[PDB]
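Here is what each chain is made of, one letter per residue.
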Amino acid sequence: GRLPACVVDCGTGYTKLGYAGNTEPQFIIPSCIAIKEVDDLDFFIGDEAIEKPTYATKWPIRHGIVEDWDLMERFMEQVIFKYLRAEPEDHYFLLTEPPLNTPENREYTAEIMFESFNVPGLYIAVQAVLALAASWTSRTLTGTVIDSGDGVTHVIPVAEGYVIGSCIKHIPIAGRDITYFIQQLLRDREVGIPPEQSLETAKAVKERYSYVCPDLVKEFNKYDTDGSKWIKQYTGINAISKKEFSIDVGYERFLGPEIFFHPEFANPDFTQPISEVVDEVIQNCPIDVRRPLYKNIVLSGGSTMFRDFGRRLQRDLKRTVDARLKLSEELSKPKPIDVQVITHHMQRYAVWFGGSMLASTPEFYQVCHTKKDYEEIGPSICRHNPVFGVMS
Amino acid sequence: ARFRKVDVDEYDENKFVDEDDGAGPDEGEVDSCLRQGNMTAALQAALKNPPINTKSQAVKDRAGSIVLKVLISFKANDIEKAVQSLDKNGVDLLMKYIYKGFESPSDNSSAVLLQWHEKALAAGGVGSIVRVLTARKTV
Amino acid sequence: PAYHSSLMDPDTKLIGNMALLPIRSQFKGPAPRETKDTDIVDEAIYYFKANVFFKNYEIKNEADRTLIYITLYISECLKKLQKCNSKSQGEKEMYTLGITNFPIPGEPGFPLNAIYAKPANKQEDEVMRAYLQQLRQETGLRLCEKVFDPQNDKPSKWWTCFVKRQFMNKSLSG
Amino acid sequence: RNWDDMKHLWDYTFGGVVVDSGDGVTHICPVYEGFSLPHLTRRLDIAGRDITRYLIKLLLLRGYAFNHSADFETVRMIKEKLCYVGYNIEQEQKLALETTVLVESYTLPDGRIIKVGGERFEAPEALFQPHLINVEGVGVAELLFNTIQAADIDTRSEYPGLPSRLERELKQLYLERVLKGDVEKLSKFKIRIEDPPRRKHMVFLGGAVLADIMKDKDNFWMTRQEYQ
Amino acid sequence: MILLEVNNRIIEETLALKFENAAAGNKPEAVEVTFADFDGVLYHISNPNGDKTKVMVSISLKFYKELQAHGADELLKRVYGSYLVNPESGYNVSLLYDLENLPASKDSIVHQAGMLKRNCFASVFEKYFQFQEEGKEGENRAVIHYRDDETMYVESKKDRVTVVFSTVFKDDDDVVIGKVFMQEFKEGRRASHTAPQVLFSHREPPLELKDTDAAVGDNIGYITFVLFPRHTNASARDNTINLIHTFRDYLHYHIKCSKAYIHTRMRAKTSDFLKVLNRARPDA
Amino acid sequence: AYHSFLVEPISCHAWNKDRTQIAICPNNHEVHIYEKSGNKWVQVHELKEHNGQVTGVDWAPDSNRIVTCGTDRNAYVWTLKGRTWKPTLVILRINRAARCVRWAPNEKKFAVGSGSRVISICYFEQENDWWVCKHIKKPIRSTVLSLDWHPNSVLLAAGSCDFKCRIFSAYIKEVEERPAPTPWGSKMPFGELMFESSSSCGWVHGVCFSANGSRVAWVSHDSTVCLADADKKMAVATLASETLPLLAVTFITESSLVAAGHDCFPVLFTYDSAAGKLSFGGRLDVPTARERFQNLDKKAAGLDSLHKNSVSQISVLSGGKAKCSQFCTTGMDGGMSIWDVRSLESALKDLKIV
Amino acid sequence: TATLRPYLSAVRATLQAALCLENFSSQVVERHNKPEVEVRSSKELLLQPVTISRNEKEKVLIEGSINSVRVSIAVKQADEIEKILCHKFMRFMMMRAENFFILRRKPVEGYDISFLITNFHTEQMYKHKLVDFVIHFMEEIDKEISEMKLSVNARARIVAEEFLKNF
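First to last, the protein sequences are chains A, G, E, B, D, C and F.
All the letters of the first sequence, read from the start, carry residue numbers 3 to 39, 55 to 155, 161 to 354, 359 to 418 under the authors' numbering.
All the letters of the second sequence, read from the start, carry residue numbers 9 to 30, 35 to 151 under the authors' numbering.
All the letters of the third sequence, read from the start, carry residue numbers 2 to 175 under the authors' numbering.
All the letters of the fourth sequence, read from the start, carry residue numbers 80 to 94, 154 to 296, 310 to 379 under the authors' numbering.
All the letters of the fifth sequence, read from the start, carry residue numbers 1 to 284 under the authors' numbering.
All the letters of the sixth sequence, read from the start, carry residue numbers 2 to 288, 297 to 309, 319 to 372 under the authors' numbering.
All the letters of the seventh sequence, read from the start, carry residue numbers 2 to 168 under the authors' numbering.
The shape of chain A in the complex, shown without the other chains:
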């Protein structure tokens, strides 16, 4: 109808929900929930299930992609009712799906609602492809996308608008694994940080301040000359005492986010700059797809948001690749590649943002599955969800 559709992009930690044709995804809240330990009615989720002390918090989207379906259905219940508010038999939907989503896993999503609220029809969208949201605002459905959220990095690239069950590898780098470092190096610094509100500070420090530095041993003197031109003090609040304590947040600001290019730098837990990993991936892909996989560099997701981040990567990825291509004109000669980063805008929590404008559209209404069609063959007829966005 003349009514816009609902779109949901969940994820391991935080959950993203909303409508259709909006600048931000209405609300984003933690997915935990719980009942005691007739009973399905009593349950809370989001900025509520994290405080409940009588209910026990569990997290359904672990090990990356979607998990426990039973527990998930209760969540979806509150997402619709008491939040977005929509009579589901009247609204088209959208439930993201981490790559690798086997048919079996897809069937679980297609069902439930269709067999519960019999909502009209729903598309299950792929993360990386959606991760080409606003990057079009700064055209193509071929490129190499880094979505890296909080539990680990992700080298999810493109492929004509589909998944590449092969060309992708993960690196144990995560927003939190940055945090361990910032907080760790801070421990040896100024004292006064309660162990209990320690995590608090790490999550906060990473957000409120941190940034990327072009060169390492570069500013590391400017930052000792003009110490009073960047060195600030965090205004944290105590817990049991509730006393306010200020510390001088300094090097960790730019000396921490640097754990991206040298993951091995904080703790040894990894052996390769991220840019380099990307190279392994791109050159390992079929040539007739390696070229385009260089002019399209996108970020997006809860860990890619950092000042001067986007700039430093193109250069770093480019110098190594240029160096490799040098070792080839020694046979004379080839066409020098050409990388490039992309920092559109809604990089914070994209994906939702993308899909939604492009699902606010009639096209979504073409490839989307109809209710009557669901009661025909069943739910299986949803395992494959055709792409739509270029010529269409």
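Hints are not guaranteed to be accurate.
[Said to hold, decoys possible] Here are the computed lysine-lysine pairs in the DSS-like style, where the Cα-Cα straight-line distance is at most 25 angstroms:
#: 1; chain 1: A; residue 1: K240; chain 2: E; residue 2: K93
#: 2; chain 1: A; residue 1: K99; chain 2: A; residue 2: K69
#: 3; chain 1: C; residue 1: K174; chain 2: B; residue 2: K351
#: 4; chain 1: F; residue 1: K89; chain 2: D; residue 2: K170
#: 5; chain 1: G; residue 1: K67; chain 2: G; residue 2: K93
It should be emphasised that the hints constitute simulated quantities derived from the structure, not laboratory data.
Given chain A, put chains G, E, B, D, C and F in place with the hints provided.
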């Protein structure tokens, strides 16, 4: 859709189908000889010629479905004794026939028909029920 | 990766398993008068920031090797310097904390045996011990001020902390 | 580019009608017992690459997220894995949906694993169903039939999923568009499959003095073998 | 959650992050969100021309011409008052909250703006309440099309106000579930003899509306509603209204929520089952 | 006793007149050989030359040749070469699939059953070098079950989907001549109906001939047993059992009979010819100190059968058909028989034999 | 119980007449391997269809020949809600059928649910506790379905009361 409609696989000289071979208790032959004080033997009569010498549901729906009765208008505390009064070549035959009533519940045209079967074991053997499976010229 | 040495000229006679470059010091320098605005000592100061954090250095030049000794020496300036009341107090330590004959390449007490090897002789060695010494003294006084602050009793409430992390994890002190 | 090899043969690393195709187009088999007769050259523009390809597209519609080229070889090996041919498609097709005892798992190379539906008797059926790949070819049967009925009218009697199937094609077209009668029982026809190779008659004594030696292979001018 | 949300939370956290800028010294940035709601209604906050220092949230309701005169186009403002301003093309009711014109510490507004529907419906209720809570018999019933096809009817009898049920559910069997609820809904008043009643009638509407027009059919169902004096009085002309219309969304939800729980059972009697299956081989 | 092997069930298999080696197939496409050494068996020269499943296996006693064969045709012996068996290419002229094989006392010809409406009786051709094969042709049009040889190395029989068994006279001129006669059929024209069957309802999973030519038994699938005495006026007896349907049988004496199967346990049979009718009375099983010990209840994976799965084969050992003493059965799961025929005669209540 | 056991009692053994089997190579065709009972391509391969009903509301068909065994059953559709419930239950079972190499995605003719026991099942699996799946299922299913009426009727009530005290 055209030549794939025809099915010759059913005309292959080498395909194989059983030799179609083709009478039964007389609706009253033993009936009378039952009505008296004989609820322990006479009912065995229902054996004279088994539906196997001719086809058609007609004979199987009557001369063959005649034995459905007897056991129906029975009691219970007297079933086993009848069964042991049989041998290898007279016990299983009652099982195959048991299955006919079990195929046509017809609500009343069946009722129970589980007792004689439960007690059918102990003497016929777990094979009795299985033996029925391997039977070309069934009831 | 990390940062190595920039100055390596053929004049630097390959001494033992290192270089032998000179530096700008006011005390016992067995190497000529560096005419640059940035000598070995300066190279270390402008670095070490990502040294300890880095775990995969590549020996490019023997100057890198000298730089490496000095970077490692910086560590002593904390076991017995980090906890020193006022800078005018940790100065005397430089003598003892510097003169204290350290396990030169070759010793039953010295780590980093890899690229390191003492000259298996008694001429290059005893003589090598004299370069290996001015650092223990010049690299210290020429380092206390830059690391510290014009303030007293404040070994830079930011540097006097890097005491818990060491380059490549190799205890040059114990 | 070829002659760089064809040496690995000595010192370098040494001392009627049937059927045969793989991926580089199909081919039919005109051979008047012994030598082939170009008099009957027909070919289908659909082969292994096309079978892997319809299979790739089919697998994607199953629920598995797969991009070709890179994985063409994995899926290719999948082709010669268990892709058998169905005998009577109405029955075999209804036995894949009504039941699930056709389902097999294959440990891929990405340690992901993915169960497989009944496409095995659906995907390779690219012959009998040319339309699956847009191609206007005609399918093993229409093809086989049209081939014998062409000249050699006299004396005509004379992927583990197809040897048995071939027997059905004895009738598919013989009875409906030719002998519409029902006493066809006669005219017996049999299909085998020795699945060896062509490596035969290459040590025959019937070739040990019938295959031109080297005292007469060029003696009478480099042209003593331009016939046959 | 058992009853249902009527305070429209999809307005409170959003609106707050506009108001809070003048609580420490922060500039007021703009914003653009166009969500919806149930029954069809769907608010939508937007700036005027481009004024970032001025927020305004409205509403689009289909059935407006019909429920207009129904006091709706009379009172309404009686709640918001001067905060309530000139409407918008394509929509209706307009409420205007100024980040500049801030009457301090009075959250008693959000709850007043959130449930914009309640205030509007309230009229159609207060109008019929007088013909029962004040007297005057021989009147006329209201007309409600929250949907193109489902409808709620009112009754201005002597001393009692009851709502007419009609609404329709798709899935043949989902219709069937409602029968359990309608059972355990009218024939089980354990709350209090003061609890309004709720008759029933499927495939046919009670005589209290059999001779009028109304969609009719085998998959269609009608219902009844009551409103004792104690419920229709002024002293309660809010508590009753507080959670009344919620019935519509109250039925669908609950009627649908059971179908989630029922699924869960179909998992235990299966989680346990699959294990049984694996418990058959020479070894697990 | 009792002894298993692996989860998967072994189809067929043959024993060697040396009680040392033994070829088996685990639902795979390659036989397996093992060797003894203090009760410690170990994989021996894995024989793999079968695409799909593998059924047919038989071991020619005093000649030491193994003959494999499975569905997808298959046909290549592995005879000891140096010390590493080898495979051989041999196609049995089908277009369907083969099921079971038995050599013969004379060890010059093997027989591989089948269900493609044929039995197939190939034979080695010394005058032609390469191997060959014959054909019994009609009357057959169904799955062909196993086929045992008669203490004659000529006349044989076997059951199939035809319900009733059937006996043929395998004669080869290009190798042998007029084998001497038997009461079954004085005429030996290579494949002649010698004897039929009376079960015209009952299938036939297994057959075995008496070490002398007068006792022939064959089981179906309907939990029936059959027995025909050629010397007893070719009379056909019959008697059904109470338990399920067995799968395997052999003549433990020149007039004895025993076998088990899907029940997972052995039962014993004898026979009084002078009655013309079947006789049963077995059911063997177990649910200078040694000559007494290894018993005990327990003092109060969980079957009351020796075996944990239905049986299939059951080849004897010392005195195969004339006077058994040590026979073996191989069931689907672990369940593989291990017992001294006498370490049973010396036990249970009533035991006949003969 | 009067008799919700004797029915189950004849059944609790009736199946033990087809179980035992082996992988069966294809006759008519070749190297395909399938369920003859589900194809009947070999007419000779059939055990006569049989059915052991208890009355008429709870029927149970049984078939088989070799590597193929059929076993259909009609769920006790006791009331309106059970009528609706059972297909909607059988469906959950049918959708994950691929994981239960025993249940058919669609039930056979007219019946509500169908099984399938093949040679593959009686091999990597026994037969005794495997057969017992049926008792543990017909009886277990009855409790789940029968309890539904109470789960819905009792569950519905809370929604009505928690909506009256507030008026």
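Agreement of A:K99 and A:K69 with the hint, judged by alpha carbon distance not exceeding 25 angstroms: holds (18 angstroms)
Please work out if G:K67 and G:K93 have their alpha carbons no farther apart than 25 angstroms. violated (33 angstroms)
Hint consistency between F:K89 and D:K170 [alpha-carbon to alpha-carbon, up to 25 angstroms]: holds (16 angstroms)
Hinted pair A:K240 and E:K93, Cα distance within 25 angstroms: violated (33 angstroms)
Taken at face value, is the distance from the CA of B:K351 to the CA of C:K174 at most 25 angstroms? violated (31 angstroms)
Going down the numbered hints, you'll see the structure goes against 1, 3 and 5, while the others check out.
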